[PDB]
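The chain that follows stands alone, in the form solved without the named molecule, written as structure tokens.
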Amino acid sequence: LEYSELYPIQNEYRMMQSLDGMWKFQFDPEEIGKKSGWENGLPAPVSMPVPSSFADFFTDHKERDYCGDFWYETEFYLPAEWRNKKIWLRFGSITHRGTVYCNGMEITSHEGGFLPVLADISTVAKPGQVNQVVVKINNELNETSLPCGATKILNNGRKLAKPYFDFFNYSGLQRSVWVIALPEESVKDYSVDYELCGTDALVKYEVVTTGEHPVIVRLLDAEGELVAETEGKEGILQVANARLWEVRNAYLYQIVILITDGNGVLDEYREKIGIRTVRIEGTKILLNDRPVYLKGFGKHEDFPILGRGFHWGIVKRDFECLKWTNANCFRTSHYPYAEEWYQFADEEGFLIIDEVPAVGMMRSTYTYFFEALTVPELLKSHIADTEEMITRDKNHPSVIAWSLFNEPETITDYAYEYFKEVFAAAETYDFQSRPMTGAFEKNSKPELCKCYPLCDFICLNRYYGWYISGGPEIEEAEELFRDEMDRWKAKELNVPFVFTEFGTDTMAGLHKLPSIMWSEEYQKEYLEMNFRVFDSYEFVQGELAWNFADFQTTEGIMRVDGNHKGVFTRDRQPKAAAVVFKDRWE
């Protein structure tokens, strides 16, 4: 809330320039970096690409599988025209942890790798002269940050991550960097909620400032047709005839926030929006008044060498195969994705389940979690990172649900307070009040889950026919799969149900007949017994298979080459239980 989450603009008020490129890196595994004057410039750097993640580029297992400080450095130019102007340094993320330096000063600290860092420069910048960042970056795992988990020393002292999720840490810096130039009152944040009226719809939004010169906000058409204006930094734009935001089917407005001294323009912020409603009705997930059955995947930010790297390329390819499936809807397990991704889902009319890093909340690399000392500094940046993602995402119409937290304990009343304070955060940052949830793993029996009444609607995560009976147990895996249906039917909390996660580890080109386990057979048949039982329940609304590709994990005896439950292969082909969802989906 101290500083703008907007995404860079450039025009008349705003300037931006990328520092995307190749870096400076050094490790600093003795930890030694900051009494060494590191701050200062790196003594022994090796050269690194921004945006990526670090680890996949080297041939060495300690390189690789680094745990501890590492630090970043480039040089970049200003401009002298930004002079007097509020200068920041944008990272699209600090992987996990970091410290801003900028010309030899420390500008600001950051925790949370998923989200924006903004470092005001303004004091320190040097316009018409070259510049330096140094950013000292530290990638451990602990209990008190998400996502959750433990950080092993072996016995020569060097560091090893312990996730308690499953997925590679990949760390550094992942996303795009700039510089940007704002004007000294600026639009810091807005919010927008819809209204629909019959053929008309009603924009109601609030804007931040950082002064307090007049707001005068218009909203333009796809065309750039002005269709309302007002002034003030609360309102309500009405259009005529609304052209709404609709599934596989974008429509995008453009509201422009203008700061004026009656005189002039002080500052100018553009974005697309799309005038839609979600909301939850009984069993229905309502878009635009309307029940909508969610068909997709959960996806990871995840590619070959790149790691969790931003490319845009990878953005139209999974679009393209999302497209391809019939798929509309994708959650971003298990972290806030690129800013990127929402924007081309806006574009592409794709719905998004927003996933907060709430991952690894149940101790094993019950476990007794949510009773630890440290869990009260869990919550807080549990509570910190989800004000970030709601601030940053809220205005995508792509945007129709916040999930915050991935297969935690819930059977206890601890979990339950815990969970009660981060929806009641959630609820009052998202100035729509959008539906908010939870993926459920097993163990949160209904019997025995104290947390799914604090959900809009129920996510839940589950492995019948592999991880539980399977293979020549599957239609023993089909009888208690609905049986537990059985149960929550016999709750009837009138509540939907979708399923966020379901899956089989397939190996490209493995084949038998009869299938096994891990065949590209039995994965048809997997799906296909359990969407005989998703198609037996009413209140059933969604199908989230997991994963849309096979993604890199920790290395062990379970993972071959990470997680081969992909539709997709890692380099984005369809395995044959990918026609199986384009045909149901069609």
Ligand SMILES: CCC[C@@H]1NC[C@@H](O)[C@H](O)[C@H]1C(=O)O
Contents of the next structure:
Protein chains: 2
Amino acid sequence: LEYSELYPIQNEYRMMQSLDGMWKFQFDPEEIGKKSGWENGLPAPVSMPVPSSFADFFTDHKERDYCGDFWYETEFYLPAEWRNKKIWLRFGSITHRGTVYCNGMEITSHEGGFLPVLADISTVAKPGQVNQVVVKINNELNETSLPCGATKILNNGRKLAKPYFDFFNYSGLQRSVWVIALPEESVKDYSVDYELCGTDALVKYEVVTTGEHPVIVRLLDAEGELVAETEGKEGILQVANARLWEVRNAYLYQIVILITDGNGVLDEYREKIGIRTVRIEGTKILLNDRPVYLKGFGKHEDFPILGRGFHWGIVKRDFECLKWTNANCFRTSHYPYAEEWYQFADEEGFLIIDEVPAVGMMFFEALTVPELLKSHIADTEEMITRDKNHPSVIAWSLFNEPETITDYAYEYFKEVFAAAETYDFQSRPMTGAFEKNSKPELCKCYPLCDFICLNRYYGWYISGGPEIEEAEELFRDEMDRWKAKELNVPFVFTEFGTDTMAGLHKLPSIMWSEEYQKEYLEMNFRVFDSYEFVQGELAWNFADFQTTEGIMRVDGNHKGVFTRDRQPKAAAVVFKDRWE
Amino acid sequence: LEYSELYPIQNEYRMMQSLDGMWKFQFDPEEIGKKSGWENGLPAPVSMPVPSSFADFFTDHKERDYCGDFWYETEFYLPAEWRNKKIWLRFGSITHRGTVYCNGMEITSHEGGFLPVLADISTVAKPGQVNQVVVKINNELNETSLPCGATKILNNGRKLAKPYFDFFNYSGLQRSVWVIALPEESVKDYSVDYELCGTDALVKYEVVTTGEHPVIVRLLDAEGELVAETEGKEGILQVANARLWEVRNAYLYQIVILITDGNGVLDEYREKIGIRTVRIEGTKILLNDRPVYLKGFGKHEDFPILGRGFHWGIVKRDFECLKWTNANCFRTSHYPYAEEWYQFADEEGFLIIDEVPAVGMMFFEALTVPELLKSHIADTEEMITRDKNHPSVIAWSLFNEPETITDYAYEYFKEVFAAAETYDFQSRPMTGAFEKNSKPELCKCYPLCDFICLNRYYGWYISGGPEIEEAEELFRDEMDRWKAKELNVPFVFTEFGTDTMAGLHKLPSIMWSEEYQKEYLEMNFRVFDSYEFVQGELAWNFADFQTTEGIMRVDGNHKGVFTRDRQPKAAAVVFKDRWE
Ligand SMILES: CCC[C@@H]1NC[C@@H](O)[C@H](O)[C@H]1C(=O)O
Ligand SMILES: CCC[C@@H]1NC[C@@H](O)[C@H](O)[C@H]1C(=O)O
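Having seen the form solved without the named molecule, could you now give me the structure of the form solved in complex with the named molecule?
Full assembly next; the chain just shown is listed first.
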């Protein structure tokens, strides 16, 4: 990468200033912004909160459903002291794609709406002056970038997003934005990997800097005491009597990376890390050499009014709810989340399956597929480079429900997995979520996976309601087929659930009632527990969330175990009791 | 005041750094923190979002309902450049009362949970180092501070808040927190007052600084061009062809206040202001010499999960909803809001009745009343000093539903109104909201008001439901009595409404149904419109909001016209159509 993914910090060598707040904002339906000097300032803006999704603020359909080019602007005062440093704009994300301008100058463009965008403004920044940032953003969907979809043209050239995925096309500046200053020679990247040696541990590391000066790496314990120190861009930190990062029982060391010259320090980067190993052994998932059974949910970045907008309050409530259910894991369905989610998971000892936005791929024979592959690999590189050093991240999900039964699909995913392996210093488990169409006798892609993730809806989409006993039989039939393959790999259910309207009660139960959600889960558990190789269950979904409007979605997706405002339906207790 | 209420800005002279994010947090039920040295760091903290109210994150009752002492902590790097500046911690608020520590040292204490707390850390700050802030907060209610209530002690020592008011006792660090650096001689306060002279305007001003050097005041138009300049701490800016700030049609000038010495500028403060006049003439409220009829709502700072936590997203959605109803006004029931609300009202041309938290006073013969009065006047000073220069703020509300029929109450409020007048350079209208118990024949306090605000619930608390025809006659009976008093002042209804459960439909309507809310409002409008001296209507409430639990509150107060997640009930269209 031509930039650092490292989370910004502030110390003697590194500075940061938050650009969060009310920005200026303007829709650009005629695509005339770059033609009309908008990169020097928007002509008729309104105020827009950052971070947030823009959609749900407005009271008119055409604003909520806006698809196309739209613009953000703000101004910030840059302290004189920042002069001649490497000055960067850092966006938590820009959804889905955009071009960053600063002081009227095009700086960078980025494709992919769920990972950091870094824009080097060193040569155009004005220290000791007011500076301007303008962002051209586009939220259209296509088949050459993730997540995939189409764009429909209505009356008067009005664009409408048509997702190939089941979540609302929220967009904008949905995460925090910073302007930062780095030293001219800086720590750009680092990677850690762990080995357990009895009561001791080894922290293997690599550091990438933008210069040739000497590197020192220190490890501090949770009280800030030095426990290990080594010299060099590559080395091993030996940790006596290591306190391991454990499931729902985190312990975090602090790694400190220093660049020195002679007597003085040029740069210092610090980050909390956790000493832990994750391995697949036969059909078991091992955390620190002990089997762990995954218990939790697929989630979304989704909340009333804010859309996918980041807010620590959402993190806090969601983790308190997760803990109350006795969960230990969640999947970042269906895109990398704000970095802050992983920081918190690290502190709370939660396990994360980190997922790239490869959703809506079902297809692999189109002439656009080479471009799609490039995008998919790029997103994978960015995700892994960003998230690899979180102890919470124990697996990568490289797709959700693609077509997998053709040789077209196999050669495609072979390239993605190959690329992912080169990016992850830890080589931790890689997987993807399979839809039912990926039949055991047909699927060609499951051998690429370290463990297999299944999304199954026996009792909802297949033989629901009065046919639920047939659903169970069909479920066991498929699992018997997987069992007979004797693949000797763990299986994790990454989706199963029923749309459930809070307050809809019926005796006997019906599809959409709270009682049916309970009965469906009970049936699914009976099936899960019948197969030794099942090693995890992540329910779909943690909470009701927004989707595209349609005849199958009653104000979004109601397969939540919690309501959208984060309150438990009856089925939440079923999970709580089972996972205890 | 021993500090500045001015909103923080960043420029060559003034620096700011956000402390928002995840803080450390610890409950202190045994009241042991200070004797245990917690000001040096919390021993077993959890993470808590700032800004937010802490209550609704947790999944246990005793955490949600916690009443007593609790502590916050965070750390921040101070740039070395900030040395030789005056360095301050600035809390948007600390709810309800607290003591600020920095680097282990007690800095300041504050009583009053809805206005800024400033802590001068100049002498203890360590520029170029990590610094620590710890805050001890208490959220108990009593009768010597606002808002009033009691604190119940359960037999096991556990405390429970018992409000005398109808909103949940949210508390914590509910607004943004900054650390800021000011020049050693700085602009501390300023006041503007307007006079309209044909097509021109006069901006009279006073500036208070922390030194004796010359002051220059400039006024810039909305495009940044100079329209007026004067020298001196007191003066008049002459504005040719002034573009007045108008209801729902804002125009904002920028005032620029400079301190200078012989070698140049020492400090620069800039703020947007709007040229407008507010006057009461007979039964009319005049804005820029033209009558205005107030149309809008009482609001709350209240949102799912965040509690009263500030978020620009809530501001944006709420103002879009307000504009959609064709409103022009809201009251900050029942406490000053975060400053950002007023900034936005200034931009959107909304009128604000700014209200001090004098709620729950019904009582004035108790030995504790002199201390309550001092608290009330202190909050009034802070509110008016903070908010006086907003063009949106057209009136001060100095109470909500106190006892007003005794001589004790009259002497009390006489002092509050006198104090408020001394603090407001503009001498704008002052008022308070009266309950029904303040009968026209018995109330002694309405003559203190420049206009009268009535809270009335004819058709809800009085003769609701099958008796609504009687309610209308009773309402007209009271209004006929007010009419016969011929007070020649405007009346504004500041509360009227019905609890309404979204989705409860009945024909014929019943109390709590959406249809009844519509019929109740239609009845109230017929009465309002029967009296010339009625000059405004602010419905209770904009949105459903959280209250203490009880047999009368079904998950909070449902008199909202919008739901808590900001969607319109049937009655919302009734307002929209009337106010259009
Ligand atoms: C049978 C595929 C189910 C589908 N899987 C992907 C999720 O993103 C959707 O929300 C989920 C659903 O339809 O509920
Ligand atoms: C008869 C007084 C009514 C009362 N007034 C003050 C508000 O803070 C309450 O919410 C409102 C209510 O009970 O709805």
